[PDB]
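Yeah, one chain of the complex is gone here, protein chain that is, but the others are all in their spots.
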Amino acid sequence: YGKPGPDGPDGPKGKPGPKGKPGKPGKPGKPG
Amino acid sequence: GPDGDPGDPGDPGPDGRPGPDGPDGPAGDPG
Partner (left out) sequence: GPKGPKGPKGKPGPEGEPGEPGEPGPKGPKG
């Protein structure tokens, strides 16, 4: 029989990740 | 004999990682 066939193509790109988590809460305000 | 057929497509890539954190909140207002 003949030569082995060429490698198949790369798979498709995965889906985008989830939204990031919310930022860190601000520090407490100054009494002043 | 003839060359073999092309291989199957690879698996789908893994879904992406989570987005970057939101920006840190500002400090509270003064009293």
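The chains carry the letters A and B, assigned in the order they are written, with residues numbered from 1 in each.
What we mean here is this: contacts are C-beta pairs under 8 Å (C-beta built on N, C-alpha and C of every residue); 3 or more make two chains touch, one makes a residue touch a chain.
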item: Touch residues of chain B, complete complex, unshown partner; value: 1-31
item: Chain A, residues in touch with the chain not shown (by the definition above); value: 1-32
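Basically, only the chains that are shown with their structure count from here on.
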item: Cα-centroid distance, chain A relative to chain B, in whole angstrom; value: 2
item: Residue ranges of chain A in contact with chain B within the complex; value: 1-32
item: Complex contacts: residues of chain B adjacent to chain A; value: 1-31
